[PDB]
Amino acid sequence: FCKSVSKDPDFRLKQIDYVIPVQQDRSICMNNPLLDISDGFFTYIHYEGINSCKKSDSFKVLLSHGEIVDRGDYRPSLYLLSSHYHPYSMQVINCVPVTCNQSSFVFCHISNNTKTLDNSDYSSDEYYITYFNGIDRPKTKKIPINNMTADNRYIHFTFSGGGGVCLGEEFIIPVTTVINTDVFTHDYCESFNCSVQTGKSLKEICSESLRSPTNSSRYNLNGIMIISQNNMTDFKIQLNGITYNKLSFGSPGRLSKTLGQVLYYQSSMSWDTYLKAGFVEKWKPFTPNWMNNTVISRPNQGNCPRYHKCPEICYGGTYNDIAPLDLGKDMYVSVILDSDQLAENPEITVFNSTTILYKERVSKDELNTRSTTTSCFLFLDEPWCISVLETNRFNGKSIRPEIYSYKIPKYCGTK
Amino acid sequence: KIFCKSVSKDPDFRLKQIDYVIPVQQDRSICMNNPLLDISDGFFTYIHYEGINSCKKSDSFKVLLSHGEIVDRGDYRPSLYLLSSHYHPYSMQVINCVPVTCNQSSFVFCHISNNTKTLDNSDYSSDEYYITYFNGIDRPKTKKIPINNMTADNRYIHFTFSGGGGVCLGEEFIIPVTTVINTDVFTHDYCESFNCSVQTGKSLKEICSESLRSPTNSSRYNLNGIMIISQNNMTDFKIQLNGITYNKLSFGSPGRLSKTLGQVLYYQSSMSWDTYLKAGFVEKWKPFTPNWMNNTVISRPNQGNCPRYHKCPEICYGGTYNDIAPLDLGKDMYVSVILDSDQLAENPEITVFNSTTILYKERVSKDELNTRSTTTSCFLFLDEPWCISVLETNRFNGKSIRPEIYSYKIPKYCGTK
Amino acid sequence: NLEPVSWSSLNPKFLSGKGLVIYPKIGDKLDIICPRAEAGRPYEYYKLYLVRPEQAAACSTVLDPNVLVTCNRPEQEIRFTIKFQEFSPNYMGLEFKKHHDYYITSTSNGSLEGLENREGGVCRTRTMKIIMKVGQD
Amino acid sequence: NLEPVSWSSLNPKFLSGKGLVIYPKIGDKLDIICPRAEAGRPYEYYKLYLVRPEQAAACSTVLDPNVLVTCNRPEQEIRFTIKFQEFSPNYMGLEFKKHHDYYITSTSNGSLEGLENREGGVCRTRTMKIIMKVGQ
Amino acid sequence: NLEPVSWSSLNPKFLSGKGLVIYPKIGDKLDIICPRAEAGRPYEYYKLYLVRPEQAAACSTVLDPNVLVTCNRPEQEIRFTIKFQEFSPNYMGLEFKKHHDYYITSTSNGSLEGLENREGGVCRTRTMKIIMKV
Ligand SMILES: *[C@@H]1O[C@H](CO)[C@@H](O[C@@H]2O[C@H](CO)[C@@H](O[C@@H]3O[C@H](CO)[C@@H](O)[C@H](O)[C@@H]3O)[C@H](O)[C@H]2NC(C)=O)[C@H](O)[C@H]1NC(C)=O
Ligand SMILES: *[C@@H]1O[C@H](CO)[C@@H](O[C@@H]2O[C@H](CO)[C@@H](O)[C@H](O)[C@H]2NC(C)=O)[C@H](O)[C@H]1NC(C)=O
Ligand SMILES: *[C@@H]1O[C@H](CO)[C@@H](O[C@@H]2O[C@H](CO)[C@@H](O)[C@H](O)[C@H]2NC(C)=O)[C@H](O)[C@H]1NC(C)=O
Ligand SMILES: *[C@@H]1O[C@H](CO)[C@@H](O[C@@H]2O[C@H](CO)[C@@H](O)[C@H](O)[C@H]2NC(C)=O)[C@H](O)[C@H]1NC(C)=O
Ligand SMILES: *[C@@H]1O[C@H](CO)[C@@H](O[C@@H]2O[C@H](CO)[C@@H](O)[C@H](O)[C@H]2NC(C)=O)[C@H](O)[C@H]1NC(C)=O
Ligand SMILES: *[C@@H]1O[C@H](CO)[C@@H](O[C@@H]2O[C@H](CO)[C@@H](O)[C@H](O)[C@H]2NC(C)=O)[C@H](O)[C@H]1NC(C)=O
Ligand SMILES: *[C@@H]1O[C@H](CO)[C@@H](O)[C@H](O)[C@H]1NC(C)=O
Ligand SMILES: *[C@@H]1O[C@H](CO)[C@@H](O)[C@H](O)[C@H]1NC(C)=O
Ligand SMILES: *[C@@H]1O[C@H](CO)[C@@H](O)[C@H](O)[C@H]1NC(C)=O
Ligand SMILES: *[C@@H]1O[C@H](CO)[C@@H](O)[C@H](O)[C@H]1NC(C)=O
Ligand SMILES: *[C@@H]1O[C@H](CO)[C@@H](O)[C@H](O)[C@H]1NC(C)=O
Ligand SMILES: *[C@@H]1O[C@H](CO)[C@@H](O)[C@H](O)[C@H]1NC(C)=O
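Chains as they are written, first to last, in the entry's author numbering: chain E, 211 to 625; chain I, 209 to 625; chain F, 31 to 167; chain J, 31 to 166; chain H, 31 to 164.
Any given hint could turn out to be false.
[Stated by the list, open to error] Calculated cross-link-like contacts (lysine-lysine; reagent style DSSO-like; alpha-carbon spacing at most 27 angstroms): (1) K128/J / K270/I; (2) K224/I / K209/I; (3) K270/I / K127/J; (4) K569/I / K224/I; (5) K48/F / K163/F; (6) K163/H / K48/H; (7) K607/E / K127/H; (8) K265/E / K48/F; (9) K352/E / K48/H; (10) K607/I / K55/J; (11) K128/H / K55/H; (12) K127/H / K264/E; (13) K59/F / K569/E; (14) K163/J / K59/J.
[Said to hold, decoys possible] Far from chain J by the CB rule (all over 12 angstroms, computed), these chain I residues: (15) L272; (16) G282; (17) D283; (18) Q301; (19) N323; (20) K351; (21) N357; (22) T391; (23) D397; (24) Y398; (25) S417; (26) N455; (27) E491; (28) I523; (29) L577; (30) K620.
[Unchecked claim] Here are the in silico distance ranges between beta carbons for each label pair: (31) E418/I / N390/E: 49 to 59 angstroms; (32) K325/I / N31/J: 29 to 39 angstroms; (33) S573/I / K55/J: 15 to 25 angstroms; (34) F269/I / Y121/H: 50 to 60 angstroms; (35) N390/E / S427/I: 49 to 59 angstroms.
The hints are simulated quantities; they were obtained by calculation from the structure and are not laboratory data.
Beta carbons: idealized from backbone N, C-alpha and C, even for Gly.
Next up, chain E with everything else stripped away, as it sits in the complex:
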């Protein structure tokens, strides 16, 4: 396939509309989509709320299970098999999808207090696994956080990310943890040769940039949760923190099984506005081999817009999954936002670590998009990808995410 810098790529882009439901109420906002594909089966999740697109401010949470099927189209089609709503939707703080053993698994954090992460602890909340397939009725089992072992003094946590991973009998879910003491170092941040802010020093800037922006006494640190079990029996739960190398403020992440490796992604919601991603070397401590990407960023308002590099007390950003296409050629694809500060103009981008190879806008008209997720797989001995975009094409009317399927171009520059 095409592995060089070129223009006018032919991704054969096609939108899929029959998978995501269409709500009859125009005031309802369907927001924060999640998608995980594995072994020809997928799990789709999104939140539904009334006149508000906030995650915990949602009265319905859809959970969909489905399959990848060939329709003779020379391209993959999404076949929706089962679709149910979460029994605790009005109390859902966060959910993460995992397609394990050709079935869907949803790991959710449920709380009565939408601000539980700012003033409470995880003993006051509950965490569940909802699992089902095409035939079995969905079943929800409570996770025994009492029998959990942790590698540090965490005070709170939520499943936060665009997907998890199944390895044998273990589930590995991305998580954002809460701790009330500064136990972290920032050698990477302290190494920057940037303008000194007149107020504080760089060591203070880097220490304080890990704090929660709504609780000055709290710190948000990313990590993983390993849940092993005997067919939903005798749970063994482990909570491991991420490596202290190149720390970035707690943010939704992702774990994906791709090309025989496990890829971790962390959204850049702080001062380091470039792509944070890497494959997992060790599990304790959770060490992803961070990439040195100089071309992939994301828009954001405030003191850290696109391509901002210098350490700064910043909060904000967009979630933009990546998916590797060929590791040796160091190629990746991602739907990123081609704007410095606004969340608009999504572009399918195939890129190097150092150069952007080729790209294509999703829509010719300006299109509002708050987050994107992408998953790629082999289909008909060719690399194909399916992306979900948190779109707002109808401004003022109802919001609904969009699904796109496309092929990596076989040859370069064909239009």
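Add chains I, F, J and H with the ligands to chain E, keeping to what the hints say.
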């Protein structure tokens, strides 16, 4: 075996402060004082005292005992992981405690008494002595030491566990102890050999005999020593109390025993006339004979007639506790957080030194910082020598006083900044 | 597009009593430039908070109001582009919608000493508040 | 830092009735120099005790007051630096804190014969007492 | 109708960490009785504020939060009936609607001296907050 071993300036210790281990009290009246830390086999034991509007040791209503582990966080440096934290059940009666980390667990040896001045007017039969032990999972358990079945090599009248740490050797614990005896059974060839001005009051033999007396009991003498406790899995205790060698005697003071570099290092704080570093590796155990170093560069501050670098015998009392940690046995190198002041307890400095020369040093804080005693422990981490020190600091003015933990690396190369 | 609003104590658009009111339609761009190094060297340091009408009137902020943008660097021209779409790349969503109100203020003291002073500040002394009622006229 | 206090019978700062009063704030340095061999060869030997206001008024010390510093050598300038922090490298702590009173005196006879005279001495005859009410 | 919520520091329904959560449907009645004169004569004086979640976590109220109901008299059993309809006879409308959050707390000190104390109070000491996701 690959680090800076020469005289140089501007060392890069990669110093970092640790704040999440020691708790922070909301009450301004609390004094967190007398920290102790002992590291062994990747696990540590931290101890400190809490009192109300007073930082005196026996004047403490709470005594914290912490157990923890050394963990790699991918940070290219060791991190302290606090595992268990308990308060002593007899805290309001604690006179002194000494930590020992044995077999990856914490052990605390404490002396309990109704009389904070028990060492001046009482005896050890009137007091009680306990071992409190715990780890990461087990609830802490406290067992009374059967001093009735104890054998002693001399006619001691009192004793307290006094020091910054102890040692585990097989099934035996060796804890530093300070004993009290009411008769002069000692000799002083070393002190009597000094060629100093003769004080008009007393002779040198009298000066040297009396300088071993307690400053609050002219009839009692304080002699350092060790306690050897062997047992059958906390059963049928066999306890032995041996005094330190009479060679180069110094007034009783908190000491330390540490397992480092395949040897056992003894340290004794200099609270008398010999203001230079008292330390040495253990040759024999009975009598407790440490091979005293001939160090000409490490001392400590103190007010009064024996300030920093004072050498001549004199009836003096006062000083600061400053642990050392060996870095290389062949090069005779050591590191220690000492106080860079002649008479005041301030300005702590990480100092890597010879027996005869100071190699390199660095201030902990750019601002003036009060520090009454320091403790240091070093270990191999990622095939490199790293050290952790605890300082009983008073960074805020007065108010909530609390010690601080610092981690640093011995510089790989000399003169890098 | 809309006319950008230069945010400095020397800006006339801030009416002495009503502040600066804007009536933007959905899909409009609007920059909020915090000023470069002024000629007379009067270093201007602010910290802008997205706030609610009640505490925008009282000119006080609790911990939940999010630091929308801070005017950290004096030399570098820090800015803040706005499109009145529904989706925004900011923490806490910040949907603009239509027929709503959106208030922007700063509680900061003129210099960096009171940069994070949240009790009073410019919101009531100079009434530098941006109020944005989306809709036609 | 504060003005050092020369400790000799020929020092004016010792008011004839109030002693020498000091109002030091926290974090201040304050030297207490015991005099060198004075010009007049009047060997001045003292022994200072950290004391309590009641027995500083009575000008008597029991065995419990600790010999803070002794002016043994006449030629050597022996001294005693004070920083009003909590921690002091001295036996018995000697916490300074804030909003407290701190009294330093000598009960000694002028010469070495009454060097350890603790009963009366300079505390009442010359009123050489340094009193430090820290804070306002 | 729903089970009334007795508003006193001596009520177990106020979970030590989660407060008291209620999930009422539209058109239900719900009384909030402020207590009578208790037997041991420990006069209970409160002042209840209809509040927003943000300042409900911090447990602070400015002048704009409306004093929903005040427990002045100790002997008289003052009460507060709620129907989750849209229209309410209260100043500032107080529309209930559906699928919303509604937080009620008091920042008052136990006695009448801190009746109008708006800084902290019972909202954080005893976590006596009624949270209603309809
Ligand atoms: C911001 O977040 C921090 C931590 O996430 C909150 O601090 C901690 O809050 C908890 C309660 O949510 C406090 O716990 C209570 O402490 C008292 C102390 O005696 C104890 O008696 C109670 O049983 C309970 O444990 C906790 O103390 C506090 N942190 C510390 C170090 O004390 C903080 O309240 C949050 N602030 C806001 C405005 O949301
Ligand atoms: C996993 O556990 C489930 C539930 O215990 C097992 O499912 C049932 O097991 C009983 C045995 O008492 C059988 O009679 C049922 O026919 C099973 N249900 C189904 C739908 O097969 C299941 O066997 C276990 N093992 C798996 C799923 O591999
Ligand atoms: C990006 O650059 C960093 C910095 O060199 C690379 O990090 C190294 O990763 C290897 C992997 O085994 C380690 O052995 C090195 O120790 C790391 N560097 C340092 C300084 O410790 C990273 O590998 C680079 N990115 C990629 C994809 O290779
Ligand atoms: C993208 O990264 C690759 C390495 O993975 C770079 O590799 C070669 O660079 C030379 C320099 O011009 C090219 O002639 C080769 O075609 C590149 N590929 C290979 C397989 O050798 C590549 O240069 C980077 N992209 C760009 C635009 O330079
Ligand atoms: C100083 O130490 C001596 C030696 O122990 C004390 O004298 C003993 O005091 C105890 C208790 O009062 C008596 O039972 C002994 O008979 C005394 N003599 C001896 C030889 O032990 C003396 O009391 C201490 N000074 C004090 C407490 O002020
Ligand atoms: C959310 O708050 C509600 C408030 O009632 C909780 O509901 C009750 O919780 C108790 C103890 O947790 C149970 O004994 C009751 O059975 C619950 N009510 C019912 C109707 O079953 C609820 O548990 C909290 N958490 C969740 C996840 O709902
Ligand atoms: C899935 O399949 C693997 C092997 O086929 C098995 O080890 C595992 O227990 C199964 N279940 C889950 C939840 O992974
Ligand atoms: C250490 O001491 C030895 C002799 O005791 C001396 O030769 C050596 O030079 C000293 N070390 C350094 C770095 O000077
Ligand atoms: C600790 O380790 C030593 C290793 O020699 C062993 O002899 C001893 O029994 C162990 N247990 C205790 C309690 O010391
Ligand atoms: C702002 O806060 C500082 C804090 O030190 C204060 O000194 C100043 O008077 C305040 N007001 C200004 C700078 O106008
Ligand atoms: C002080 O006391 C000593 C004690 O022997 C006495 O000899 C002397 O005369 C007294 N008076 C002085 C030294 O002025
Ligand atoms: C509550 O506030 C009042 C205000 O005057 C105060 O007097 C009282 O001490 C406070 N505490 C109580 C009533 O427990």
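Inset, instruction - Compare the distance between the alpha carbons of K569/I and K224/I with 27 angstroms, and conclude whether the hinted pair is satisfied. - result: holds (16 angstroms)
Legend entry - Non-interface claim for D397/I versus chain J (Cβ beyond 12 angstroms): holds (25 angstroms)
Legend entry - 12 angstroms cut-off, C-beta based - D283/I kept clear of every residue in chain J: holds (32 angstroms)
Inset, instruction - For the pair we were handed, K163/H and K48/H, check the Cα-Cα distance against 27 angstroms. - result: Satisfied, since the Cα-Cα distance of roughly 13 angstroms is no more than 27 angstroms.
Legend entry - Restraint status (C-alpha distance of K607/E to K127/H at most 27 angstroms): Holds: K607/E and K127/H sit about 21 angstroms apart, inside 27 angstroms.
Inset, instruction - Confirm or reject the claim that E418/I and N390/E have a C-beta distance inside 49 to 59 angstroms. - result: holds (54 angstroms)
Inset, instruction - Given the range 50 to 60 angstroms, decide if the beta-carbon distance of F269/I to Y121/H lies inside it. - result: holds (54 angstroms)
Inset, instruction - Assess, step by step, whether the Cα of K59/F is no farther than 27 angstroms from the Cα of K569/E, and give holds or violated. - result: OK: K59/F and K569/E at ~25 angstroms, within 27 angstroms.
Inset, instruction - Determine whether the non-interface label on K351/I survives the test: each CB of chain J must be over 12 angstroms from its CB. - result: Given that every Cβ of chain J is farther than 12 angstroms from that of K351/I, nearest at about 32 angstroms, it holds.
Inset, instruction - Verify the proposed pairing of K224/I with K209/I, using a straight-line Cα cut of 27 angstroms. - result: holds (23 angstroms)
Legend entry - Satisfaction of hint between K264/E and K127/H, Cα-Cα up to 27 angstroms: holds (18 angstroms)
Inset, instruction - Quick one: work out the minimum CB distance from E491/I to chain J and report holds if it exceeds 12 angstroms, violated otherwise. - result: holds (31 angstroms)
Consistency with the previously given hints fails for numbers 8, 28, 29, ordered from lowest to highest.
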